[PDB]
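First, one chain by itself: the form solved without the named molecule, in structure tokens.
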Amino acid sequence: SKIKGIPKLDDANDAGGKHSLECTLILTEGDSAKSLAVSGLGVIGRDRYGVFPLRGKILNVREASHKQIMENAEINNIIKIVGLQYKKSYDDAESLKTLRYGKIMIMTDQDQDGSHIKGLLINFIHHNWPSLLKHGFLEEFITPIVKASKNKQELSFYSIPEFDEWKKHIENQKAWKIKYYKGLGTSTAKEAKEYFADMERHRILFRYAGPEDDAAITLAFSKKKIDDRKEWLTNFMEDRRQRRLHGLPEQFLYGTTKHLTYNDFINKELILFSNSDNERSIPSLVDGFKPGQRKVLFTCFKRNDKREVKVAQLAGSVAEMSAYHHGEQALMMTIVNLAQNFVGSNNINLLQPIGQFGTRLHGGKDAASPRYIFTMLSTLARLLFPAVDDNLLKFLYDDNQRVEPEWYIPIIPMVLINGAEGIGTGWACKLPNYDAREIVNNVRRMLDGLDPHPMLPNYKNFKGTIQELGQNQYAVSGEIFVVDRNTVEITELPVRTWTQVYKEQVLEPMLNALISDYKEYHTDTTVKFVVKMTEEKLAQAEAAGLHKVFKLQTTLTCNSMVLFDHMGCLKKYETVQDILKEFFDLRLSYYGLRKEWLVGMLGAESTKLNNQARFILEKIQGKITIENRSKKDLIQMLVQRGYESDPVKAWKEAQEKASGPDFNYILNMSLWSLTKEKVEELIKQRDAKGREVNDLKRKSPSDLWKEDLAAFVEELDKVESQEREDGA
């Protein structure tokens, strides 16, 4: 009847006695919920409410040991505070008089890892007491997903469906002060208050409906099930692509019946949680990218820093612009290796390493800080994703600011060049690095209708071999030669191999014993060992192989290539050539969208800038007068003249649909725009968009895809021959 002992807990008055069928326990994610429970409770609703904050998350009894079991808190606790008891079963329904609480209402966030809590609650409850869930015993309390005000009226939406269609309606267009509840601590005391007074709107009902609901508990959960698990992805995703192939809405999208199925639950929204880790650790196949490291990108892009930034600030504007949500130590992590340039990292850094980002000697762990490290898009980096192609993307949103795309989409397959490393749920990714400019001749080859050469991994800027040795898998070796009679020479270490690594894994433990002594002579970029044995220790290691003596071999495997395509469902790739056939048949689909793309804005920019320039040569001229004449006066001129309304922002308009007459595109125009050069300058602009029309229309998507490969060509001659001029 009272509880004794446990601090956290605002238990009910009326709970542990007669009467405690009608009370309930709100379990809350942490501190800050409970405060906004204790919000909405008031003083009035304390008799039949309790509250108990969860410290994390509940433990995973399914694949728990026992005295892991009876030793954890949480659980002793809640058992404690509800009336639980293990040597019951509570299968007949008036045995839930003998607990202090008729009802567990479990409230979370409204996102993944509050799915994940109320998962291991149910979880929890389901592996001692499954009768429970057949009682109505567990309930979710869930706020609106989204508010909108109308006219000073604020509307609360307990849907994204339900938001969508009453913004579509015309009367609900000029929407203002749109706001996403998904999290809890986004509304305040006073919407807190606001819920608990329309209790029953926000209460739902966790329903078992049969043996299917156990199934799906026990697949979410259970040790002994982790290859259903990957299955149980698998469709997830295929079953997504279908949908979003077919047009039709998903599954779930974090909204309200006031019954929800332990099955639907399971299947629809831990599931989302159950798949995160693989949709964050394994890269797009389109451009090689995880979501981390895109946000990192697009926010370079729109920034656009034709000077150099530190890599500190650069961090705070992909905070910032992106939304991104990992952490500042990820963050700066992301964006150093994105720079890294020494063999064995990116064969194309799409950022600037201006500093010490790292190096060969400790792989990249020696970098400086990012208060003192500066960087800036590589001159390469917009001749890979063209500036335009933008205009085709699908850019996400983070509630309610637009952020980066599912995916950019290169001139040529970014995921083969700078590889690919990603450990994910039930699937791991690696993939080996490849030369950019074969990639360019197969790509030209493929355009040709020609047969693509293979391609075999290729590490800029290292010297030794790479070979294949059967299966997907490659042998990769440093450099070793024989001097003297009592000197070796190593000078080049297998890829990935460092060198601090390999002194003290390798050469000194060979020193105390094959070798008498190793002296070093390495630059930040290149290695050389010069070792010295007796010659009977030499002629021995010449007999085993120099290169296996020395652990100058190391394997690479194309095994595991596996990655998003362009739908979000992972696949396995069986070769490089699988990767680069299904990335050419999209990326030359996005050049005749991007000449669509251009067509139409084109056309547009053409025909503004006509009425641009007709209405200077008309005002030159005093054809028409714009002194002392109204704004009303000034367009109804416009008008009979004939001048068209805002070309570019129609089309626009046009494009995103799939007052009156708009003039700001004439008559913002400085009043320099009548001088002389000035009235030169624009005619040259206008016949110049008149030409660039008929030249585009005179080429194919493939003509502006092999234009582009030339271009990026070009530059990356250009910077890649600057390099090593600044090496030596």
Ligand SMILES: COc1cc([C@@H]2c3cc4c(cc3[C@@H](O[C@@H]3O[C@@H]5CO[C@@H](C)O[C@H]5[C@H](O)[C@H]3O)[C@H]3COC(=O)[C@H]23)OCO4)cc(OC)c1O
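In this text, rigid core is short for the largest set of C-alphas that superpose within 1.5 Å between two forms. Residue numbers count along the first chain shown, from 1. What changes on going to the form deposited with the named molecule bound:
For the set 589, 222, 441, 347, a Cα shift of at least 2 angstroms between the two forms, after rigid core superposition, holds for 222 and for no other residue.
After superposition on the rigid core, the Cα of residue 706 moves by less than 2 Å between the two forms. When two forms of a protein are overlaid on their rigid core, residues whose CA moves 2 Å or more are considered shifted, and residue 110 is one of them between the two forms. Taking the rigid core as fixed, one finds a CA shift for residue 128 of 2 Å or more between the two forms.
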Second form
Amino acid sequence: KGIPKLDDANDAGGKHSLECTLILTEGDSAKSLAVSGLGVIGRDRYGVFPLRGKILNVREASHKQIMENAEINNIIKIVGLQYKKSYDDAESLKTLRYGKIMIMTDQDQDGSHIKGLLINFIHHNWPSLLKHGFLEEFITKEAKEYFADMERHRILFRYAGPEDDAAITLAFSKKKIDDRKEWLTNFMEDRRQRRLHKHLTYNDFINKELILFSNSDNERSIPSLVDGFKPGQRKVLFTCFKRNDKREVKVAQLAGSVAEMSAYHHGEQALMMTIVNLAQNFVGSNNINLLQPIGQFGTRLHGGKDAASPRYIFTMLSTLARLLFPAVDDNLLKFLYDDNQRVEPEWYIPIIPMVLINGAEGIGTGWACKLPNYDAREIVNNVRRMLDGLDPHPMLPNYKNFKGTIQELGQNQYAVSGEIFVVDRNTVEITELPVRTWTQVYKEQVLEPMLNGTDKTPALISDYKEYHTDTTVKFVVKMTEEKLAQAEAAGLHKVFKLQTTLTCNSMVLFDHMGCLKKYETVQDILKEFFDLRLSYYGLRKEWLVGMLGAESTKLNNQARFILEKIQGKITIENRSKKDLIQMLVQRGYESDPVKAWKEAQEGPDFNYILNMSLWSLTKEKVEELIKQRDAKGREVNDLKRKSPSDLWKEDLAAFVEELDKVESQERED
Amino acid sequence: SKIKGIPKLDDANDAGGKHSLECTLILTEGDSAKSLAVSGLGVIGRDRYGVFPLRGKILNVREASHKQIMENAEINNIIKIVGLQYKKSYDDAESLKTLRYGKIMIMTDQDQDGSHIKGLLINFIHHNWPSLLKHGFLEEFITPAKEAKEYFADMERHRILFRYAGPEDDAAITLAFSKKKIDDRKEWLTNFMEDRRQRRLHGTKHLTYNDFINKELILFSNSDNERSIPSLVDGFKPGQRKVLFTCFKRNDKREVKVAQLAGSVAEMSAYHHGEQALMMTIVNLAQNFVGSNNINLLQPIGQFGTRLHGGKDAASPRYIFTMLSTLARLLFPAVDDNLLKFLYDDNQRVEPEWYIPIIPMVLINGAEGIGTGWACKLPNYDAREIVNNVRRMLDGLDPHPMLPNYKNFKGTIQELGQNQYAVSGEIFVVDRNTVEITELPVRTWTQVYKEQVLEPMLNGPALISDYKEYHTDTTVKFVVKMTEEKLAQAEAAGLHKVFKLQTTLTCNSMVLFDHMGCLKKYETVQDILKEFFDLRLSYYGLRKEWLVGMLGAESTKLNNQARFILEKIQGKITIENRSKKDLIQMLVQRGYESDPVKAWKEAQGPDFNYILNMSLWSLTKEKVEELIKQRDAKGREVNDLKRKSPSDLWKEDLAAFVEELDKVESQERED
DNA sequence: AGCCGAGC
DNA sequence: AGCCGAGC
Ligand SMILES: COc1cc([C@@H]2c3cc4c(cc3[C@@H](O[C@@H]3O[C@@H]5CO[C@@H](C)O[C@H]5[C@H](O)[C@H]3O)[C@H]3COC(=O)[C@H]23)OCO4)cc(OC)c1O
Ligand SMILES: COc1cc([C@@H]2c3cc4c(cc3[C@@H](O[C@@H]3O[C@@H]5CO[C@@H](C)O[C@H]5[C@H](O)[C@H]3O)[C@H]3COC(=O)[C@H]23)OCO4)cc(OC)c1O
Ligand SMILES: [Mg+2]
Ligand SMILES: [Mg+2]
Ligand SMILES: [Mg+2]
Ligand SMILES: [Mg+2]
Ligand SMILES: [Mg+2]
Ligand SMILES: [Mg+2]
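For comparison with the form solved without the named molecule, please write out the form deposited with the named molecule bound.
Let us now look at the entire complex, which starts with that chain.
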């Protein structure tokens, strides 16, 4: 009583309390479906309360965050549970307003994660209730049909023994991370083997059901080594490539298009945030943003948190996008299917390892991935050295427009330093902040405590002024001569918090086979990317030789028919379709060689000839068609004398050319 | 003096101290406008300038209830920020010592709704503290992140001060915002619309409140009518029309998310307002429950709302889908698009001034709106009755009177007199101790009736012993228990009266734009029907003219294509190896005609592309015979149309419409 | 204690 | 004391 989103069972709290079931639903929308499904009679023995999504994991969570969590407090007040209270006996259960909790979620993996978080919540606080069969689930005007069928949709969770304890702990305990790695490692291996060849116990729920979320969590959160993308990001670029927008599109509108075209199965709000992240160009985000930030996508001041609503902002492809992901290689990719609809590919195959450029980052279950940004030109140069058979030079992380320094301290560990300089004996100037330190955060958490002091720290500076621009940082700080001499003695970057450590010891990617792998150096990422991209330039040459040759044979037959027609060697006039096709066969014309070639990759068709306009017989069109035919034959031969390496070099040169123009234009604006 | 309770406020550093009267409080339209202001001020402006966002339209405090005023958080926020006190006079300089700011600078969009917000703020100060306006308390900041810092560095040229000249300023503010001035606003806007039409037949740091009201706010009041009051012709307001124009253009064969459609509408139709209002309009166009639309032109695929909550239970526009009803293009035939006047927004072609439906859609769906000085309310009418009346008028007979009719409504609508109706639900005695309610009067929602009628009957003297609910999504069933004596007493009085199942409906404001865009008051729906009929019959005449011309052009085009094909296959003509110029000149000398369809369109060198673009297939046997058939069919089709009257084509459209109306409505009842 | 981001 | 709906 007093909880606005709760519809309380009429008998809750009275003599029938333990015969009452509380339905916890995923979202308010599921509560309404459950409310209408219960009808009038269901209000006596059933309550309904909505969940806001993922529940707090209370196992290792701090006491402050637990007691301040409103959703869990609501559940506790609704059910009437008491912390630290043992439910072992029958007299103790008279404390409860509800005898059973029924979790009702989507039938998908994220629903399974909420089930497990609720199971985890009860298992941690009152293990004794689960041995009574406290928890059950509901599986799915269509709702009224479910609740009349209720026993068929009702599954009861059973606690069979200590294997149920270990399973819950395996999933939700901070101390089990390494066990989750093994747990999921053994899971992915068995699927590779299988792919190439009522009551529910908590152990079964966790190992047969929740693990599907845990694996799906990694697949959505951990990028591919090949293109550097997660599937949601890859869906975005696939949609933009297919749309080929010449003008800016509202982010919210592009997101809805992505869901339709790529079969994105999650909430669009998440897609909109991904699109925003793909377009951000501020210092510390994307070395090359593949989407253009037209409107306010956020700045280094707030670290992108100041981005405006996706309803007010627009985007389109960067001109660099199709240069890094050439459209011709789409013919080599493997495009996935979602229920008979062809969708985004397994991965794109960019011309450089984009996974290094923009700093792929993500958090899964059992594993996370963090890579810093690397310099596009430096990577191009290493690809060129490798094409010559030379070893690649080592690479330090490099952030576009970052004015500070990044120094290797050790393997995969770096010091990132901003800029500070003594101006006079009273004055220092801060012209850069370490990568991912945001201007407003630095002001509030560093300079303000330095100016005002805190309860635990003395004042240091006597004043500061802010000269920043939208992309740049300038602080001018005043200090007494004494304080500045002390600051120099301890070192200026240290005192002013301008140095941060960058450690990347989890570089975890899916390889080109879709296998999760840990990479110890970026050189190993570069090498694995290089061997794959080189063979795909081989595949591209094979594809171009075939398609260009088919196009050549096509133009040859078209030109031959036109010449024989204008010379009177052949007439189609007033001839039946059958007679014309038969005659074209007897004279040796080929069925459409492009359609034939395109179908070979997986009656005679002369339409490519007979669909030609009557203009084709005129003088200037005859001459134009002969030129096109001869041009295509020269095109075939020009391609055949290029190696895969030459083709790669052409793409690299064209990309660098545009990268210089684009980044030069950026500094102008 | 400090304010700790208003998180969205950025207080001037000197506000509340000795320099208070030298400080400005910038009120912005919305939070993003505040960020533009806070950015434009920068480090320097923080001392003498505060910024606080307004949430949109401000409470109109003139003649508002004391409760609504005291409970209004936005106004209480403004009062607390500035330090104002109700009932206090600010006259002498001593009285100003209690103010944390000496001036308020309003910063809104440079559009009409921004002007409305300016007026509401002016209204708020004028009503409570007229003395403050004599001191020059109010100012505005006009516009046409880096742009913001440019605006504020030039603030002198963007700053305009409101001036109180005298009693005509009071009259102007009262004329705009007083509930007793409705008649004066009608005259105010009548003169405006008239004087503007006359000009269409032909070719300062300070601003007085009188000039603000009469030259600026009046533009919002007029735009408020133009957006809120429907057109007699199609029954649409402009935003609804832009939706239908977009849907016709897209021609979706599959459902579309309403949020996605709204963004598509904004781009395609140049809709200038918030997309959330467009999404609500889209939801409102698709609702089929009892009491909303007799014919919904968009399909409700999702939860669009029910009669339980009166549509307020619609799910989020992000979660629901729509598309055209199959009736939409039958009511608005695509061929008549050629007769419409399409508007332009900055060289982009957008929705027409109105569609011309085959029946008066303004009577079908109950056109409704609230403007300034006028509102419009029409009930729903029955589509087949309207079709029959149109047929009666085509035959020169008199149209039957029409009572309001709501689809699937099981109750009774009785005419008390002209434009006056008693609308009754259904209640029936089952036995002694039991009555049953199977229908509620139109636009009485099931949950509201339970809460406001049956619940007070059950508890607060209690007239009934109990009730139970058998409703479905689309239907209403209440079974009510009471003592014999109480039922007899309730039955002695009206059962419909006791249970509040009768509502009166009066439509004395039927206010629409006529076909010229002139605001008109219509006394009867027969008047509406007759005015629509004359214009629509005229446009069936235009459609026939348009079709005769276009079909005739198409026939000439085919005659030339067939002639060329026949001469080619007979050897009478050869294009082989001939130059383009020689072939153009030769076709001209032989009397082939330049593209007849293009020539006809341009009428509303020679172009033989429509001939020479034909495929080589055209010279084969089957395509020759096909082309000749197509040519003769086209000639017959132009001849068949010439014989028909505009009335015959209207009858054809009505029959096709009714046939699909029958199929669609049958399928609705089976589902 | 809190960020990073694709999810609820 | 509030609905209707196109707007902020
Ligand atoms: C209130 O009703 C429900 C809420 C939810 C949660 C939720 C829960 C919250 C909360 C916020 C949210 C919100 O997340 C926010 O979305 C924002 C959308 O714009 C982008 C820019 O930034 C996002 C925020 O980063 C994110 O935090 C929802 C978005 O979609 C969800 O699943 C989220 O603050 C308080 O608790 C689930 C439900 O059922 C499944 C519900 O019925
Ligand atoms: C908080 O930030 C601002 C809010 C606003 C108002 C507003 C104001 C409100 C309020 C709500 C709203 C909200 O209206 C609601 O939108 C809903 C959108 O979906 C449909 C289904 O139903 C709509 C509601 O019928 C409507 O009531 C806004 C939507 O667009 C506006 O202009 C509205 O509740 C409290 O006061 C203006 C601003 O600056 C211009 C702001 O910065
Ligand atoms: Mg789901
Ligand atoms: Mg943690
Ligand atoms: Mg990144
Ligand atoms: Mg505006
Ligand atoms: Mg009122
Ligand atoms: Mg209506």
